[PDB]
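My questions will all concern the structure given below.
Not every chain of the complex is shown here; the ones you see sit where they belong.
Chain IDs A and B follow the sequence of writing; residue 1 opens each chain.
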Amino acid sequence: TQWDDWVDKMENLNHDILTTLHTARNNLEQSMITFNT
Amino acid sequence: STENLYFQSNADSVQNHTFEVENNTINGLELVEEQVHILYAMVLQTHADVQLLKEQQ
C-alpha cells in the first residue's frame, strides 16, 4: 500500500543517514589525527 | 626530502578528508530532506482522511 511503501522508504533512509553520519565523523576524526601528526 | 614529502602528503590527506566530510554532510542533508518529503506526504494524506471524518461527523 501507499502507507507501507512510505514506511519502507523512511526506514531505509534511517539506515542510510546512520551510516552517512558515521562516515562523516570517521572522516573528520581521520583528518584531525593526520593534522596533528 | 623524505620528511617534507611526507608532511606534504599529510597536508593533502587532511584536505581530501575535508572534501569527504563536506560530501558526507551534504549527502546527509539531502537524505534528511527526502525523509521530510515522506513525512510531508504522510501528513497531507492523514489530513485528508481527517477532513472526511470531520465531514462525516
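The definition used in the following text is that a contact is a pair of C-beta atoms (placed from the backbone, for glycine too) under 8 Å apart; a residue touches a chain by one contact, two chains touch by 3 or more.
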Item to check | Whole-assembly formula, with each chain kind represented once in the display | outcome: A x3, B x3
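In this section, only the chains that are shown with their structure count from here on.
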Next on the checklist: Could you list, by residue number, the parts of subunit A that touch subunit B in their complex?
Outcome noted: 2-3, 6, 9-10, 13, 16-17, 20-21, 23-24, 27-28, 30-31, 34-35, 37
Checklist outcome for this item: The subunit B residues in contact with subunit A across the complex are 10, 13-14, 17-18, 20-21, 24-25, 27-28, 31-32, 34-35, 38-39, 41-42, 45
